[PDB]
Every structure is written in structure tokens, then in C-alpha cells.
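Please put together the full structure from these sequences, using the hints given.
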Amino acid sequence: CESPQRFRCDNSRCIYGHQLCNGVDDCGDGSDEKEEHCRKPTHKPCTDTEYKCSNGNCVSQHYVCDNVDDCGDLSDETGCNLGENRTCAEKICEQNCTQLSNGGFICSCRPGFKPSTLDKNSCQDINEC
Amino acid sequence: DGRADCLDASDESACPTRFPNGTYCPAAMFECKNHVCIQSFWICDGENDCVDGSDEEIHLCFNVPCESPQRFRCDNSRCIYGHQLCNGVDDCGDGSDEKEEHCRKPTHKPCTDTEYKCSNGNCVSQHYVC
Amino acid sequence: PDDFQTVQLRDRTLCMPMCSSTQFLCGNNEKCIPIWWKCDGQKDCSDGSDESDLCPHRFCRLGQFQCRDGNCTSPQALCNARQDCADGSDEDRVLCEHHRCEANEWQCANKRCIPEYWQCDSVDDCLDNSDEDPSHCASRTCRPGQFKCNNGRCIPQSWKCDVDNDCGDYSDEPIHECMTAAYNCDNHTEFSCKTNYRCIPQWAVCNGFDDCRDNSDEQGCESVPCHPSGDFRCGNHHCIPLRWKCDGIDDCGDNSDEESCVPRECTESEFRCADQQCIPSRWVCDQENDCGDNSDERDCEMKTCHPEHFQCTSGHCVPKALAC
Amino acid sequence: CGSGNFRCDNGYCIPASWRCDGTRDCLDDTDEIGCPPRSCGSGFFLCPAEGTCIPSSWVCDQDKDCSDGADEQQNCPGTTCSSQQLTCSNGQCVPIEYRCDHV
Ligand SMILES: *[C@@H]1O[C@H](CO)[C@@H](O)[C@H](O)[C@H]1NC(C)=O
Ligand SMILES: *[C@@H]1O[C@H](CO)[C@@H](O)[C@H](O)[C@H]1NC(C)=O
Ligand SMILES: *[C@@H]1O[C@H](CO)[C@@H](O)[C@H](O)[C@H]1NC(C)=O
Ligand SMILES: *[C@@H]1O[C@H](CO)[C@@H](O)[C@H](O)[C@H]1NC(C)=O
Ligand SMILES: *[C@@H]1O[C@H](CO)[C@@H](O)[C@H](O)[C@H]1NC(C)=O
Ligand SMILES: *[C@@H]1O[C@H](CO)[C@H](O)[C@H](O)[C@H]1NC(C)=O
Ligand SMILES: *[C@@H]1O[C@H](CO)[C@H](O)[C@H](O)[C@H]1NC(C)=O
Ligand SMILES: *[C@@H]1O[C@H](CO)[C@H](O)[C@H](O)[C@H]1NC(C)=O
Ligand SMILES: *[C@@H]1O[C@H](CO)[C@H](O)[C@H](O)[C@H]1NC(C)=O
Ligand SMILES: *[C@@H]1O[C@H](CO)[C@H](O)[C@H](O)[C@H]1NC(C)=O
Ligand SMILES: [Ca+2]
Ligand SMILES: [Ca+2]
Ligand SMILES: [Ca+2]
Ligand SMILES: [Ca+2]
Ligand SMILES: [Ca+2]
Ligand SMILES: [Ca+2]
Ligand SMILES: [Ca+2]
Ligand SMILES: [Ca+2]
Ligand SMILES: [Ca+2]
Ligand SMILES: [Ca+2]
Ligand SMILES: [Ca+2]
Ligand SMILES: [Ca+2]
Ligand SMILES: [Ca+2]
Ligand SMILES: [Ca+2]
Ligand SMILES: [Ca+2]
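Protein chains in written order, with the entry's author numbering: chain A, 3885 to 4013; chain B, 3820 to 3949; chain C, 3496 to 3819; chain D, 28 to 130.
Calculated from the structure, these hints are not laboratory results. Heads up, the beta-carbon is just placed ideally off N, CA and C, and yes, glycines get one too. Careful, some of the hints might be misleading.
What the hints assert, rightly or not - A short list of chain A residues far from chain B (calculated; beta carbon distances all over 10 Å):
#, residue
1, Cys3905
2, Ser3944
3, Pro3995
Claimed, not checked - Chain A regions said to be covered by chain C (calculated; three or more residues, Cβ under 8 Å):
#, stretch
4, 3927-3940
5, 3956-3965
Below is the structure:
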């Protein structure tokens, strides 16, 4: 029983790959479904050209400060070199602006729209199909 | 020291890093979650050599080789020594050891040339025949 | 390589990354990483050179920057020319000397660095006109098929002349132009709205969505005839085929279909089983469990399998060809 | 220099735990120099710039017992030659017979 395509149970019995966490005790010892095997993956360490987030998440260096929350926990946009007042009144973002407590803003598009790939300040339409 | 001097193994239970490898014991040895070390041979052989039973977590048993005449393998994929096979003890908890299939008496050899046959399933040298 | 620097100490030849004062270099001179990564507590280098015993204890979140007092501050603050960290590690002359700005950043004559995208966005992020200077900002001709407006934004050409203020400054709504003959609508594939200068695909005219923001497109459709046979009706006055009444899908939208699922009562020509399944009466005794609960054949007498058949202890009949 | 750290060299920071254990950790030796002097007695002497106490007989013995030299730098009397000896400008005592012998 090759380990990636097939699985072996503590009872020295073999089970197919998908069965390993299907939620059924395919092998009666209940080794299949063990939390040791089923627990969530170990996220890859952030590589060069990337950035680190409090969230255990890695973000491409370009995304690190573009007025969009890419780290999920806002760890990317927080703390950029402010310069002039980044007030929402500039109307830089096309559809939505949110002012941060420490100045600066983060932007979101309305449902059905996602920030554009080449200009995250603009919005493009999701091809839901 | 790597030897359980407390029955509960509480002595080794808090041993610091013993080797810079982060491991507690050297090569040609086996290590247990209680920070107690045992000869690798004792792994999965029907005896909790490690008091916490970590030396034979059943998942470990599949790897150890067991030649059929000197050692025996049980239906639980656990190995037992040759003499244990019919000693009258369930050395392996599946009770494969002591099975009548294995323990039943031998098959007597067929009578060869220069011999004679007996109703008893017995063979006698031709000279002894009368 | 040309991404490295070449030096020889006595006779041996050594190759070293040309990284700046804001970065740290690891064992074997294999790779260079931002200085904040050095003691963050995560082994970043290809070897243990990242957090050897020389790194002091770690006091804050991953990826942040630490100061010689014992306090942490975010990393982009490192050389912004203002002491965000009172320890003065921030703006440390050793680190800012020979300063260089990372690829996610752009640098201006003010000896200041701003995120690369912030350039030409109407805000003087460099604290001076350098990042907004119209000389370098001009001539930013966006891609073909796009449209450019007075807000300094580029937008899909199709989005022009719709009441959606997409440019933010209403520049994409030249009302006088939008109502010109060129913008006029193709009656064979489009539809027009009663109170707006907008055109929508004809299929959209009725779909349950206000394709015209004035709700004028859908106003016409109302038909929902509740046919009496082969159909079922729902509390919210919606009708669906009878088969849909009990299928695990809430088709009515109010669960009125699925909540009343009671096994159909069998007719006088049928028989009932443990799952209340209904089977023709002929099936009750034929030596096959037409109902998987064996409702049939369990009550019947122990009759025998007529010729050309084989029998099983379960009270089943099988053709002889199948026997072996 | 650092947090939770000690500084004893130009541009260098060293762990505080290393200080005061006899180990010459600082290449410039300051790890032991500032350890507070620790009381001692019963015939022993303690010297500045170290947290070390040494037998009193050693203090003036011509050996540098403390790295700063306080044991020999402190005031203690000199010595002179016996009637059986001769002295010369080297600060030396030599047998009197050698006074005039072509050697
Ligand atoms: C900049 O923003 C601050 C609030 O963070 C506000 O108090 C200040 O008046 C603003 N200055 C200008 C010139 O907009
Ligand atoms: C902005 O976003 C909020 C939700 O975050 C939403 O309620 C609001 O309608 C949006 N406005 C625009 C103009 O997109
Ligand atoms: C690390 O483990 C090896 C066996 O794999 C052992 O021989 C060695 O002593 C350990 N590390 C050292 C050098 O102490
Ligand atoms: C570091 O932070 C502490 C509080 O966490 C504060 O007392 C101390 O003054 C700070 N250091 C400096 C140099 O301000
Ligand atoms: C399209 O329909 C409108 C309304 O019937 C009409 O006024 C217009 O002339 C038509 N245009 C064409 C090109 O058929
Ligand atoms: C990520 O994976 C490694 C092995 O590659 C370890 O399982 C580690 O525990 C994981 N990381 C975390 C944070 O648990
Ligand atoms: C214990 O193990 C860890 C991980 O390997 C470290 O090596 C640590 O240095 C060890 N502790 C001691 C005091 O040796
Ligand atoms: C003797 O041995 C053979 C196999 O070598 C069979 O097991 C056979 O069943 C035995 N003989 C009898 C009489 O049972
Ligand atoms: C077995 O049953 C069939 C009907 O299914 C016939 O009655 C047949 O005569 C029976 N055979 C015997 C031997 O009783
Ligand atoms: C010097 O010391 C010696 C002992 O070696 C004698 O006491 C001698 O008398 C001393 N001489 C002087 C001048 O003090
Ligand atoms: Ca399973
Ligand atoms: Ca971002
Ligand atoms: Ca064992
Ligand atoms: Ca036995
Ligand atoms: Ca690190
Ligand atoms: Ca700063
Ligand atoms: Ca700008
Ligand atoms: Ca528009
Ligand atoms: Ca519609
Ligand atoms: Ca349904
Ligand atoms: Ca039937
Ligand atoms: Ca068959
Ligand atoms: Ca020391
Ligand atoms: Ca001395
Ligand atoms: Ca002489």
C-alpha cells in the first residue's frame, strides 16, 4: 500500500486514499479519521519576494501596500509610510473606501465586482459563469 | 538514565534534551514517549516493555520482519517468538497464537521403501515386520 | 553571477549578495532577507545562521521589527525619517546609511520611498510634488479597448454611458453624448428603459432582476398558471411539477413542498413494506424480495422453485445457469 | 546595544547570563570587571575591577594576582640583601664572594 494513493491502518489493513478522512470508519480500528492524519495542512514559509502576516499568511511583496487587505488580517496595509493625508475624500478607490484608525484606507468592490488585476483601486466584474 | 526507576516512569518523564539532535537516545536503540529507551528488538512483541505501552503501539508492528520457523506472526500483524506459539498463553491478544490449526499434531511421514505399513498410521522397518 | 559581488580574501574567491543595510545575509552567503526577519523567531535562512544565540529574545508578532530597548514597531517605519520607535533603532544611522528601497516601493528626490502603486494618485505621498509631478505622470496611455476619464482612471469601454458612476467623478456619464444617435439601441438584440438612457440585452428583459435600475424592464411578466395535473402548488403562490414535491430540494422557496413528505398510501392493487414502499400484489409471493426488507416472501408458504431454477436457503429462486 | 544584553566591546552586544562565571566571554574582558565585589575574610583579600578574593599572602608576592594590578600597586615595603650578599643597580642580591672575581 503506497502511502499517497493508499493508506494502511493500525490493524494492518488497507484503505483507499479518499476514505482516509471521508468521515467513516472504513477500517474498524478507527485509525482512519484520526485527527493526526486529518488535521489541516502546514502553510508554507514565506519565500523571497513575499511578505509575512500575523495571520500565518504570505503575501506577494507588490500587494503589501495597495489599499486592499491581502493578508486577511490587514497586516499588509497597516503601517505604510503615510506621507500626505490618505483621506477617503481623494476618491482614489472606484467603489468603496474604508478609513483606518491610524489613517490610510482599504477598498472593496460591491458584490459581483472584484478589485481589478492591474489596478486594485479599480473594479472589474466577476465572471460568475 | 533512560531506565524506568519509577514504576510510572516519572523519573525520565521530565528528562531535558539529552542530545543536540533533539532526541533522547542514540542509534541502535528505540525511544518512547516517556523518555525511556529500549532495544529495538522488543518493539511489537506482546510485552509493554515501555511502561506506557509506547513500544508496541500497534501501528509500529507492521515493519518488523518475522521469519516463519523461528518467529511467528499473528493475525493482528504482531509478532511472537517461536516457543510462545503453543505455550498455552494468548501471547498476542487476537488469540491467533494457540490456534488449533497451528498447534494440531504432526502429519506422519509416508512409509518408504524397506519399510512396512500398519493400520495405526505407523511405519515399521521391514526386518521388524515379523 | 551579476546578481552578486566578487571579492577574494587572500587567494580564495568569494561571491556575495549585494543586499542593502535593511537586509541580513545568511550562512554560506546563499541568500539575503529583510533585517526584521533575522530574529523574528522563524528560521528563514537555509541554515541555522538566522537565529543563532546572538539574536536577543523575541517580544512581538511575526514579521514585525524590534528595537534595542525591548519594544517592537512595524517594519516600513524603519527609515521614514520619523522615530516611530523611541529606542532610536528606527532611523538608526547605521541602517539608513546606504539606504535602498525594496521592490514593492518607489523612491523620489526627497530621499523618501512610497509604495510603488501610490505613484500618480493625486496624493503627494513623497511629502512633495515628486510622486505626483504631471511631467512624469503624463502620457500614461492605458491598454486598448479601455476608456480613460478625467478622474485619471481607466475603465472598460462598454461601461461608458450607463448611470453607474464608474469614474467616480461622473466623467463616464456624458449625458448629452450618451443620448446621441450613436449610443442608440439595437431593437433586435437589446432593450431600453422607460426613464433611463441605458440599454440591456433582450434576454435580460425579464429574469427576476432589475436590469434597468428603474425596474421598467420586468414590469410586463406575470404568468404563473397552476395547471391541475402533474403539478403542485406552494403557500407563496408558486407552482412546481408534482415530482418536485418531495425530493430534498426546497423548490417553492418556503419549504412548503418538502415539509409534507408522508409515504404515498398504496392502492387496492398494491402491497406495503417496512419502508412503506408500495409494490404490485403479484410481487408478494414470487421467491424474490422485491422489497429489500423482505416484506414479501416472509409471510408466504415455503413453496418450491418450479423447473429450470435453483433454490437458496433464504427462500429465493435463481436460474440454473447462475447456480455455478 | 541590545535588550536583555550587556555591552563590553566596540559595536558588540553579549548575553547578560554569560557575565560573572569566570569565563572570558568579552574579548575585552569586561564581563567579570563589573561583577559587584563579594564580601570575604579570614585571611583573604579582595581587589577592584574583579569579583575575586585571593589569599592575603599572594597580595604582595610580585605576581599580578588581579588583572588591574591593585595587589602589587598598593603600598607594601621593599626588601634588601643580607650581610652574606651584595647588591647592584639591577635591584638584585648576589653572594658577597662574587663582589670581585673577574666574573
Ligand atoms: C490630516 O488628518 C488628520 C487626522 O488624522 C487631521 O486632524 C488633519 O486636520 C488633516 N490635515 C489635512 C491638511 O487634511
Ligand atoms: C460600500 O460598502 C458597504 C459595505 O461594506 C455597502 O453597504 C455600501 O453600499 C457600499 N457602497 C458603495 C458605493 O459601493
Ligand atoms: C545524533 O544522532 C546520531 C545517530 O543518528 C548519534 O550517533 C549522534 O551521537 C547524535 N548527535 C550527537 C553528535 O551527539
Ligand atoms: C518600551 O516600552 C515600555 C512599555 O512596554 C516603556 O516603558 C518604555 O519606555 C519603552 N521604551 C522606550 C525607549 O520608550
Ligand atoms: C427601435 O424601437 C423604438 C421604439 O419602438 C423606435 O422608436 C426606434 O425607431 C426603433 N429603432 C430601430 C432602428 O428599429
Ligand atoms: C508545518 O509542517 C511541519 C512539518 O513539515 C510541522 O508539522 C509543523 O508542526 C507545521 N507547522 C505548525 C505551525 O504546526
Ligand atoms: C533541548 O532540545 C532543543 C531542540 O533540539 C535544543 O537543542 C535545546 O538546546 C535543548 N536543551 C538543552 C539545554 O540542551
Ligand atoms: C499430513 O501432511 C499433509 C501436508 O504435508 C497434510 O497436512 C495432511 O492432511 C496430513 N495427513 C493427514 C492424514 O491429515
Ligand atoms: C415446487 O413448487 C412448484 C410451484 O412453484 C410446484 O408446485 C412443484 O410441484 C413443487 N415441487 C415439489 C417437489 O414439491
Ligand atoms: C636588608 O634586609 C636584610 C635581610 O636580607 C637585612 O635585614 C639588612 O640589614 C637590610 N638592610 C637594610 C639597609 O635595610
Ligand atoms: Ca474514513
Ligand atoms: Ca494589499
Ligand atoms: Ca514489546
Ligand atoms: Ca502462546
Ligand atoms: Ca527569522
Ligand atoms: Ca521611522
Ligand atoms: Ca501619490
Ligand atoms: Ca459608467
Ligand atoms: Ca430583468
Ligand atoms: Ca422539492
Ligand atoms: Ca417478491
Ligand atoms: Ca452463481
Ligand atoms: Ca563570563
Ligand atoms: Ca601579588
Ligand atoms: Ca663577580
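For each hint, the structure was consulted:
no.: 1; hint: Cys3905; result: holds, 17 Å
no.: 2; hint: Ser3944; result: holds, 34 Å
no.: 3; hint: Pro3995; result: holds, 49 Å
no.: 4; hint: 3927-3940; result: holds (count 8)
no.: 5; hint: 3956-3965; result: holds (count 5)
Going through the hint list in order, the structure satisfies each hint without exception.
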